[PDB]
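Using the sequences and the accompanying hints, generate a full structural model.
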Amino acid sequence: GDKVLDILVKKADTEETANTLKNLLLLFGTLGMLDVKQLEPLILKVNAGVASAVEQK
Amino acid sequence: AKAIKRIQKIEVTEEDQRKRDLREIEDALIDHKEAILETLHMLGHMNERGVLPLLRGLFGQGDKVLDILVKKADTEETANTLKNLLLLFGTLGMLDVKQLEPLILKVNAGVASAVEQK
Amino acid sequence: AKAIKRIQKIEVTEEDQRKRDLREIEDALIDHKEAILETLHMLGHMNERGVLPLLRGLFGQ
Amino acid sequence: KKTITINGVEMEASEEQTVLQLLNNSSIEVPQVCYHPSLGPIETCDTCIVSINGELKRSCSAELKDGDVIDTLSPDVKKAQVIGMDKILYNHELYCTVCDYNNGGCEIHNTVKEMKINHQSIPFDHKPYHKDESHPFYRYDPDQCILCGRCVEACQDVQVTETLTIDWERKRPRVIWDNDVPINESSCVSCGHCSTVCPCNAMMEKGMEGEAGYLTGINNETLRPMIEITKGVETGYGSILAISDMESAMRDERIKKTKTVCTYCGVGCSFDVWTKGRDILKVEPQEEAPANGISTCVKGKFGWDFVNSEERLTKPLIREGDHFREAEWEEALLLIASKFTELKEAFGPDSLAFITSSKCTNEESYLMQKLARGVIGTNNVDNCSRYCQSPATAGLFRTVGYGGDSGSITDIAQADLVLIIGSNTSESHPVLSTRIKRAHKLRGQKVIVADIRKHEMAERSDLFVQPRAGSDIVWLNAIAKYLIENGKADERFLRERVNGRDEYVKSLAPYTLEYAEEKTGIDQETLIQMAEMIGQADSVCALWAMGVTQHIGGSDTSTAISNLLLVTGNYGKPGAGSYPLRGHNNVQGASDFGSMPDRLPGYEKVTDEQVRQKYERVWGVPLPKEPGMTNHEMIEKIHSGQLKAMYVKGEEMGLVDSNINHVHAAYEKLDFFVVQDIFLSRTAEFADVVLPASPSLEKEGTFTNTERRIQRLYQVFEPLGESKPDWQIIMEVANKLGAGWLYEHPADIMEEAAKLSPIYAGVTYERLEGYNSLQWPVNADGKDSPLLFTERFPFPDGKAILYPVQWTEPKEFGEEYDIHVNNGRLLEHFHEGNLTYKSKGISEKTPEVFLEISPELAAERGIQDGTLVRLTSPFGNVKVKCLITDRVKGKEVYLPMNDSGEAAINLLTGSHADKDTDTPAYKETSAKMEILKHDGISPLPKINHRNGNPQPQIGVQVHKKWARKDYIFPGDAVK
Amino acid sequence: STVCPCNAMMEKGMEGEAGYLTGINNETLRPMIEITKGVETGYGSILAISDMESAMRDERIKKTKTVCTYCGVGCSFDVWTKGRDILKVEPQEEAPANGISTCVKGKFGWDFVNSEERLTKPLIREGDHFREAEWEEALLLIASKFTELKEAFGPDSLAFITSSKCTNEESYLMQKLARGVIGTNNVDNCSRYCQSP
Ligand SMILES: CCCCCCCCCCCCCCCCCC(=O)OC[C@H](COP(=O)(O)OC[C@H](O)CO)OC(=O)CCCCCCCCCCCCCCC
Ligand SMILES: CCCCCCCCCCCCCCCCCC(=O)OC[C@H](COP(=O)(O)OC[C@H](O)CO)OC(=O)CCCCCCCCCCCCCCC
Ligand SMILES: CC(C)=CCC/C(C)=C/CC/C(C)=C/CC/C(C)=C/CC/C(C)=C/CC/C(C)=C/CC/C(C)=C/CC1=C(C)C(=O)c2ccccc2C1=O
Ligand SMILES: *SC1=C(S)[C@@H]2Nc3c(nc(N)[nH]c3=O)N[C@@H]2O[C@@H]1COP(=O)(O)OP(=O)(O)OC[C@H]1O[C@@H](n2cnc3c(=O)[nH]c(N)nc32)[C@H](O)[C@@H]1O
Ligand SMILES: Nc1nc2c(c(=O)[nH]1)N[C@H]1C(S)=C(S)[C@@H](COP(=O)(O)OP(=O)(O)OC[C@H]3O[C@@H](n4cnc5c(=O)[nH]c(N)nc54)[C@H](O)[C@@H]3O)O[C@H]1N2
Ligand SMILES: CCCCCCCCCCC(=O)O
Ligand SMILES: CCCCCCCCCCC(=O)O
Ligand code: SF4
Ligand code: SF4
Ligand code: SF4
Ligand code: SF4
Ligand code: SF4
Ligand code: SF4
Ligand code: FES
Ligand SMILES: [Mo+4]
Ligand SMILES: [S]
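Chains as they are written, first to last, in the entry's author numbering: chain E, 63 to 119; chain C, 2 to 119; chain A, 2 to 62; chain F, 4 to 978; chain D, 198 to 394.
Read the hints as simulated data drawn from the structure, not as lab findings. Every residue, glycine too, gets a C-beta built ideally from N, C-alpha and C. Some clues are possibly wrong.
Claimed, not checked - Simulated crosslink set (DSS-like; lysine-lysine; CA at most 25 Å straight-line):
1) A/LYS6 - D/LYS262
2) C/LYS3 - F/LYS318
3) E/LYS65 - D/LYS373
4) A/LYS3 - D/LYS342
5) A/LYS10 - D/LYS209
As the list claims (entries may be wrong) - Calculated from the model, a selection of chain F residues having no Cβ within reach of chain C, i.e. all distances over 12 Å:
6) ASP74
7) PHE467
8) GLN469
9) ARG471
10) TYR518
11) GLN616
12) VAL678
In structure tokens form, the structure reads like this:
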């Protein structure tokens, strides 16, 4: 297990992976900040609009 | 021989039945000797690695862990975040995606055309 | 000594083989004494915390 | 020949008639949902659409004409198949993950996976009909019914019970029993063809229901919402189909599928027994099964609850004082061994007599006879064959020389005429009767049923004639005389492979057609027309069960039948010959391995120096020169004090032998009695020590069915409790008797007997793996003989001999014994029912014995239904309920053996037996008719299969479906 | 097999037995390989996963140095095992006598160790057979017999042979038992037939 953890950290320690995890957490936080109660009518309207768009043959 | 129907079942007491069933369990252990050895090694390696002690701290001071979790989470920001995540899941469920597959294909083609411009 | 090839394997009955394998399992337990203690403590702390009773309600009903 | 082109590639044609067979042999992935190899083209699923000659047509019924063009990957044929399967799935909910039939063999699932479909154009629509759980064995789910018609085709054409039709005229077509009668109330034999042939879980056994897999035991009130959830969640069928394949792999671990052969009757049908631990979930026949294929009866496919019955004897029982003490295995073994040594070294081995069960494997009977001869030194061995097949085998020796059937059941179907005499093949050997009825309804074969009763086959026979009790010999020999006198007999065959034609004709001098008309009480026209039919028929298959062989002259009329075929010239011809219906699953096998006292294993007489020397060399113990006494005469010898000890295994001879008062007196008279039965049978009640047998499911062996087929079994279960397979018990007993037997598994016993038995010379366990079966005689190379007498007869000259026999007078009591009661067996129940009664479903179908009484005799004697009546014979006195039916005629009445109490018929029969083989004349019984209770409960419930009215139609009658306006053919739907 | 960089030329002992995910059947391993080929975009992450799988192997794979028993070259190599079976005989560049050099015997001849014919228990000549006797009773029997023939006809009538196939400690123990225990000098090996001249 020590070797497994060592491999995991040595591969992950690249700035790209740390940035990826940080931005995933930030995306979760922002999606939490975004209010979705008002977004349900927007989703319904988007559904109707996509239906109308694909209706055009 | 005359006509006799009644059956005198042997008097297997609790001790004998317990011994028989324990012998059955021992035989089942015998069939899976290698499996039991592997599971014991599982526990040994987990305890050496601290995984088992980590869970021992998790479940021995579990009340403290839950207290820390709730006291950190109880902020309105975290409750709002979880509520909005659930709402986002519900809305994405409400959104119809069968019609959205051609839109995704068109978006793919458009992104390809856009990146095609050097 | 003359030429003899056949081997008379010792007659280890079911009882002796069972005792030997149970002794092997006991020795494996001995090697992982601390691990077994930790797992028993695992079960104890989970049951005290209600996690094990919670799963007991989950799988009984 | 008949050159073809398929998939754009040239290919050749075979004897196959339809394109579907060629595509299957070419491994072309053509969807075939409604097609089953045994059923034939049903044409009701339309998923087999292929482009023949460019036009879209059903490959299941498209004739393989020469020069046609076949294409299967074309967009047109693919679209047609997709439309057909969409129509199918419109009738199938397709909840594969939580469906019991998804054991990976479900044709809708396999075919749906094969087509790689993901959507159904027509959504599933529940039929208004509810699931029909009236039957205690299998249920029908019209919601899941896809109307493929395989079940209807099975019940109408391959089993010919004809209880299933399809109401195509209804708005929602569905399978209906009789006139839409609930299943239980209908005429459903419960044979299990519909369950076996169903593609989907529409017609599936209740044993599987809620018990097959892991997610299917969920309650319906909480399983249906999950099914609706998955219906509304998954978008493509591929992913959830893969999940269902994982669930099939799930089932594979818990579901044990082992091949076995049914124990009940001598057809020896082989099938897998799908179990989950100890309970039996399904009895699934396989197309590769030699004796039956998919064919099955109620017993072999729903009668196995006796294995898990709590009444089963798990421990040895020892007669302690006035009770049966549950003793240890070792102490019981020591007791039986010590007692046997005492009565062997005190009065000699000749006073020791042991009986093997015809229900046990070949190894079991071989071990019985070896313990008797190679250990004890006696020759007193027998089985039920003394009551069952001793006269038939004696007749075969007297004329043909080989015991057993001339061929397989396939040869029975291939016959042009079947001459069944004294056989209730519908209710005794059900699968053979299904074959015969299939050949009669479809192949056009005409059968002549000759028995006093009118069973299902008699009312479905070309010519049914009822002769007098035991008068088969008279009319039969008159028919033979007419055939040999008018030139219709095969004179070439007579000169080639027969001997003593003129001597037999001299024996036939007193026999005339009017003589037989007077004796048998049958008009001359029927006899002359059936004789003309026999002479005209190219292939003749003669079946004679206990109705004729169980008589005082049963051996004589058995020889008469065999020489009748000999005169006709059917032996050696494919598809024709003599097929004595071997009763028990291994009565043929027991007789093969020296069960009869006068013969050794290999069907060799004991009084032969060469065979005795060979058996001495192999066994190391001298063989008894004195032939053993017959089973029936054992009781008389006991009453004279000659015999003292019995070791009867798996045979309840205290209740099935004639005059069971006599066997009861002998049992109370003899000193030591050891029995070996799975259940505490009637014989097991009177025993100094009871040994716990093991059923054939829990033991491995070889069963030799009626067709002389030796099929190897498999250990379906570990034996219940610590009870042992009977071969293990016999090995232990003989070892305690200083035999020194070492047989780890019955393969060693099988190969030793194979070396000893000339007929079994080639049968070995590696040659009997899976469903492979060999038919004795088999040579050392391993090539069996599917047809007997094919090239030469076993006699030294190579030609058979006609045996001069006459009408032996039946031992009718006469005088006050006016009503001649007939004894037999029911379809659902097996003898007294030590096995079927333990199954709840068969008990529901038939709870108690009944006396079937003729309507004509119901007037003069004034008898009604549900009435307790008394039958008194100089040997017994029974109190049996009454049933009103037209199956029996006149005074003669039918009393099935399906009770083991005071109502068992075997009280009435007497100790009068055949001259040649001492076989008791069970069919020769007379009594009184005493009326006890006027009004009572009818023994036959409404849910019995005899109360229904089957609808005889040929096929699924698809043409009715095609006439529906709503139905559209996918081939022209794609257009 | 030893010099191959990749698994191109590799012993059948390793094949399907080295790791945990490599015992998967080829008919169900190849589709997984194609899945991973079509799934991962960069080799770094799946390379790290493969390093974890190497650590996986490290626990079950025992790599211990030994010297071949067959001939006198004395080639030394690691013997990669998984429990009791021998998966690979891997020579190392640091091996003094051979380095990477190996023959068929030392690198594929070690199935005799796991052979079922191997004598697991002491055998005692009982009558006309070899009875599988306990260690202690066999030891007592041999000791008592040797004391009998040592105190009856003298140690000079006792002769013992060590195997040239056994370690130095083994032959030293033979000669010590002969001289420091029995008191005799009658000792030899195959070298009398092999290397004495
Ligand atoms: C298909 C695979 C499915 C797997 C499916 C696997 C499913 C099981 C879960 C595995 C991970 C458990 C949690 C491990 C982390 C939490 C515990 C921890 O932090 O414990 C510290 C310890 C430090 O060790 P030290 O010895 O230094 O310290 C010892 C003492 O702490 C001081 O004395 O951590 C270890 O030991 C590492 C344990 C294993 C981690 C594995 C991580 C990746 C798992 C997924 C990928 C697997 C791919 C396998 C295949 C390629
Ligand atoms: C790398 C770590 C990987 C961990 C990897 C860990 C993997 C194992 C899972 C842990 C959580 C199990 C479910 C726990 C919740 C459900 C059960 C529950 O509700 O049970 C109530 C009880 C109340 O206790 P009380 O004593 O008050 O009540 C006692 C009686 O109910 C009345 O008498 O809950 C507890 O006890 C708390 C148990 C531990 C919860 C831990 C939550 C966070 C886990 C992830 C982070 C860990 C980080 C560790 C490292 C920092
Ligand atoms: C934070 C915290 C600790 C919270 C605790 C509380 C909390 C929120 C807990 C989570 C609760 C949740 C969300 C649980 C859901 C996940 C779990 C645990 C599920 C287990 C429950 C079960 C039994 C799920 C069903 C699984 C399963 C594989 C079901 C079978 C699916 C069925 C019925 C399929 C039928 C079926 C249908 C309908 C087809 O159409 C079809 C077509 C073609 C081929 C096959 C099929 C087929 O099989
Ligand atoms: S043998 C035997 C055994 S073993 C086994 N028993 C059995 C079977 N099936 C079921 N469901 N339960 C069982 O207990 N099959 C096996 O049957 C074997 C004997 O069966 P039969 O076919 O001989 O069966 P029955 O006795 O029921 O039917 C015989 C018919 O013979 C006719 N019959 C009676 N007296 C007759 C006479 O004098 N002459 C003629 N020509 N026929 C006579 C009756 O019609 C009986 O139906
Ligand atoms: N009146 C009249 N009497 C008849 C007849 C008739 O037609 N009319 N027919 C006669 C004939 S042909 C026969 S077969 C007999 C029927 O009599 P038997 O051949 O004795 O048959 P059953 O009693 O059906 O079965 C005997 C016992 O075998 C046991 N058994 C089942 N499977 C096994 C197994 O695998 N191993 C062992 N060791 N035991 C097992 C069952 O518990 C059952 O009690 O009846 C005979 N008696
Ligand atoms: C003369 C110009 C004709 C333009 C037509 C544009 C498309 C009209 C129909 C849109 C649709 O329903 O697909
Ligand atoms: C004289 C103005 C020239 C404008 C060119 C704009 C870019 C044209 C090419 C676009 C591309 O393919 O990258
Ligand atoms: S009958 Fe076949 S296709 Fe239908 S749900 Fe059951 S397994 Fe699936
Ligand atoms: S007789 Fe009964 S079990 Fe047999 S096919 Fe007909 S309905 Fe099905
Ligand atoms: S019940 Fe009969 S017709 Fe209906 S799907 Fe099943 S086999 Fe086909
Ligand atoms: S016909 Fe006879 S052998 Fe075949 S399944 Fe039914 S009872 Fe068994
Ligand atoms: S370990 Fe990886 S790189 Fe080396 S041979 Fe195997 S697959 Fe190729
Ligand atoms: S590896 Fe080959 S050459 Fe080297 S010591 Fe062993 S047998 Fe001799
Ligand atoms: S197999 Fe031909 S339509 Fe079904
Ligand atoms: Mo019988
Ligand atoms: S029988």
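We went through each hint and held it up to the structure:
1. A/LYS6 - D/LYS262: With Cα atoms ~35 Å apart, A/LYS6 and D/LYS262 exceed 25 Å; violated.
2. C/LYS3 - F/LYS318: holds, 21 Å
3. E/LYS65 - D/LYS373: violated, 47 Å
4. A/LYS3 - D/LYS342: This hinted pair holds, its Cα atoms lying about 18 Å apart.
5. A/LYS10 - D/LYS209: Answer violated: A/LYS10 to D/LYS209 is near 33 Å, above 25 Å.
6. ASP74: holds, 32 Å
7. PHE467: Given that every Cβ of chain C is farther than 12 Å from that of F/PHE467, nearest at about 43 Å, it holds.
8. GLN469: holds, 39 Å
9. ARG471: At roughly 38 Å from the nearest Cβ of chain C, F/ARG471 sits farther out than 12 Å, so the non-interface label holds.
10. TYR518: holds, 49 Å
11. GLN616: Answer for F/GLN616: holds, closest chain C Cβ roughly 39 Å.
12. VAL678: Its Cβ does come within 12 Å of chain C, the nearest being 10 Å, so this is violated.
Violated hints, in rising order: 1, 3, 5, 12; the structure is consistent with all others.
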